[PDB]
Amino acid sequence: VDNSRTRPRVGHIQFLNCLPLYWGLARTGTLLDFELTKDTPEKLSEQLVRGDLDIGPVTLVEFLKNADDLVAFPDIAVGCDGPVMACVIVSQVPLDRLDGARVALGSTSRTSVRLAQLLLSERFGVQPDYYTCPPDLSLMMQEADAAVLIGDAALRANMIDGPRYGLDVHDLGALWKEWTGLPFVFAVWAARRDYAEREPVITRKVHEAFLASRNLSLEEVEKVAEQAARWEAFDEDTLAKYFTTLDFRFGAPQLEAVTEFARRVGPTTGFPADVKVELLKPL
Amino acid sequence: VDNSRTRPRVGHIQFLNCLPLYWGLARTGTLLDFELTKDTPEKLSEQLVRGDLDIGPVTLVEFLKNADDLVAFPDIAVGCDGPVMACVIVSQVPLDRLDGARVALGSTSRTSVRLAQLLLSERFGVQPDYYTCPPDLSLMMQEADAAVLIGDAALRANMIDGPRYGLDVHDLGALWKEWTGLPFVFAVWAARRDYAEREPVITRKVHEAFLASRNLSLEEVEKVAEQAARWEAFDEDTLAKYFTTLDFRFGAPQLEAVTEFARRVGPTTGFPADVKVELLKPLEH
Ligand SMILES: C=C(Oc1cccc(C(=O)O)c1)C(=O)O
Ligand SMILES: C=C(Oc1cccc(C(=O)O)c1)C(=O)O
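Going down the list, the sequences are from chains B and A.
Numbering follows PDB author numbering, in which position 283 of the first sequence is assigned residue number 283; successive positions increment by one, without gaps.
Numbering follows PDB author numbering, in which position 139 of the second sequence is assigned residue number 139; successive positions increment by one, without gaps.
One chain only, chain B, in its complex shape:
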């Protein structure tokens, strides 16, 4: 029997928002200490929760629903302080005309869709007829007045499709900041509690390697954008602005925002309004 140690199974969001991080993991050689899995954020969260991954990114809403079973990594997250550029509401009408209107929710999202619902109800006062469908701006606009998108599809709606076809594109990060003055966190990195307790060292080394890879990705954002632009409708400048508008910090200001968002949606999203976020303790 081969009872040797086994690499941690690590999820990774396939979208552009984590492409610089993937660059960092590869350039540092960290990838060879992972058994990596790429998917969309809702799938990666499902996989970590059910045990098909040991460590990975978790969309915030799904993390809070499973907070007792997850240990969040400090000082890294997928967030924003103001605009996030790639979490948006695309609408053919002003937001105050969406009461009773058909609003499409991209299936790949769990946190942005909930944040959009929070804003429309509690900030703008509209009660739309929501439905979930795969992300597709062309099809969504034919069946609904507005659509909530994340990832590359939202970046394309914001940078390309919206301007071309004269559609309003609302940045969810900006709408949240206007309403609360706070930054926002869409996803955290977490280890399964059972894995963190079985392998405290590997979990710590994975966390430290993510920080080192994130730090390197910030320093070489220009190189990453140049290479990534060759395979996208986006150009180098647009990607570089997107990569640098994204906020990957996860300290006290970011937890402050998580706390307040959890309070406003918790009782209606399946976790206590005062849900406890357990963070990986340093040595």
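The reader is advised that the hints may include incorrect statements.
Simulated pairs of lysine-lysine, BS3-like, Cα-Cα distance not exceeding 30 Å [what the hints assert, rightly or not]:
id : chain 1 : residue 1 : chain 2 : residue 2
1  : B       : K38       : B       : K281
2  : B       : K177      : B       : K65
3  : A       : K223      : A       : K241
4  : B       : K38       : A       : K38
5  : A       : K205      : A       : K65
6  : B       : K65       : B       : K281
7  : B       : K38       : A       : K281
8  : A       : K241      : B       : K43
9  : A       : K38       : A       : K281
10 : A       : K43       : A       : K205
11 : B       : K43       : B       : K205
12 : B       : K241      : B       : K43
13 : B       : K223      : A       : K223
14 : B       : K38       : A       : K205
15 : B       : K205      : A       : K276
16 : A       : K223      : A       : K281
17 : A       : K38       : B       : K223
18 : A       : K38       : A       : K223
19 : A       : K65       : A       : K177
20 : A       : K43       : A       : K177
21 : A       : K223      : A       : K65
22 : B       : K223      : B       : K241
23 : B       : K276      : B       : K43
24 : A       : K223      : B       : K38
25 : B       : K43       : B       : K281
26 : A       : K241      : B       : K205
27 : A       : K276      : A       : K38
28 : B       : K205      : A       : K38
29 : A       : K223      : A       : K276
30 : B       : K65       : B       : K223
31 : A       : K38       : A       : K205
32 : B       : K241      : A       : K205
33 : B       : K205      : B       : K38
34 : B       : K177      : B       : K241
35 : B       : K276      : B       : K65
36 : A       : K43       : B       : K43
37 : B       : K43       : B       : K65
38 : A       : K65       : A       : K38
39 : A       : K205      : B       : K223
These are computed hints drawn from the structure, not numbers from a lab.
Place chain A with the ligands on chain B using the hints.
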């Protein structure tokens, strides 16, 4: 509609034999120009042949069966000149006692299993009772006199299991070298012909990036083995010896060996004995 250009879909053998190359692809940043797929060599060959990949490693036997539809990359392959360490025959008896005996063939292999059959029949003169099964030395040894293994399972049989349980482990690379004096090639890198013709630049850049990643992996072999040893029953010295015993060249001497092997097995393995190997041509300037 997003009509932008799309990354080539590139296969990669998950075994240790291509772990240094994976290190190279990551350190150079090449991975961010690929849409990578990791699997075992027989699966990757099926995927490239059926069109689920654009470029990838192809076990030689499967490449030769589809040679008209594949374009091989020059100057990189998975081969050996003498021992390969991770393509073996594990046997409880001397090889000359395997006539009519049960011999198990690891499912993940296509070329080593054929080479083992060629050697046992044409060099040693035994006609065993072959059967194919998933790679598992413990299960294979209770049901058969000998077993053919590749990859990490063969490296484990050669370095650990064999010595512990007193089993003979024959290196297929060495047996071929003894018989012919030639090196051997187990897998090549190839692009689908339709993809190579639709995207000559991307194919060329992928080829050049593989060479650059391979070269870097050779220079940093010690680092790769140190890191990889932490997740293996093998130690740093064993991995470094394995990485440096592997021969990743694919030039005239290696093509010579491919030609002769194809000649000896072709008519009984589903391709002409004189099958034509088309190589990716470099650009004129
Ligand atoms: C921040 C972005 O989008 C995301 C990322 C992760 C999770 C979610 C979600 O809504 O669950 C959204 C981006 O693409 O920049
Ligand atoms: C060379 C090794 O094994 C291989 C690699 C690729 C294909 C095959 C095959 O037999 O089809 C075997 C090694 O593991 O070092």
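Hint by hint, here is what the structure shows:
no.	hint	result
1	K38(B) x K281(B)	27 Å, holds
2	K177(B) x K65(B)	24 Å, holds
3	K223(A) x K241(A)	13 Å, holds
4	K38(B) x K38(A)	12 Å, holds
5	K205(A) x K65(A)	26 Å, holds
6	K65(B) x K281(B)	21 Å, holds
7	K38(B) x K281(A)	34 Å, violated
8	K241(A) x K43(B)	40 Å, violated
9	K38(A) x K281(A)	27 Å, holds
10	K43(A) x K205(A)	24 Å, holds
11	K43(B) x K205(B)	24 Å, holds
12	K241(B) x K43(B)	27 Å, holds
13	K223(B) x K223(A)	25 Å, holds
14	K38(B) x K205(A)	24 Å, holds
15	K205(B) x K276(A)	50 Å, violated
16	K223(A) x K281(A)	33 Å, violated
17	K38(A) x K223(B)	26 Å, holds
18	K38(A) x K223(A)	22 Å, holds
19	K65(A) x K177(A)	24 Å, holds
20	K43(A) x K177(A)	28 Å, holds
21	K223(A) x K65(A)	37 Å, violated
22	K223(B) x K241(B)	13 Å, holds
23	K276(B) x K43(B)	23 Å, holds
24	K223(A) x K38(B)	26 Å, holds
25	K43(B) x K281(B)	27 Å, holds
26	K241(A) x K205(B)	27 Å, holds
27	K276(A) x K38(A)	28 Å, holds
28	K205(B) x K38(A)	24 Å, holds
29	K223(A) x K276(A)	39 Å, violated
30	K65(B) x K223(B)	38 Å, violated
31	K38(A) x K205(A)	20 Å, holds
32	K241(B) x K205(A)	28 Å, holds
33	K205(B) x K38(B)	20 Å, holds
34	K177(B) x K241(B)	19 Å, holds
35	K276(B) x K65(B)	11 Å, holds
36	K43(A) x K43(B)	25 Å, holds
37	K43(B) x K65(B)	15 Å, holds
38	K65(A) x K38(A)	22 Å, holds
39	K205(A) x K223(B)	18 Å, holds
Hints 7, 8, 15, 16, 21, 29 and 30 from the list above are not met by this structure, while the remaining hints are.
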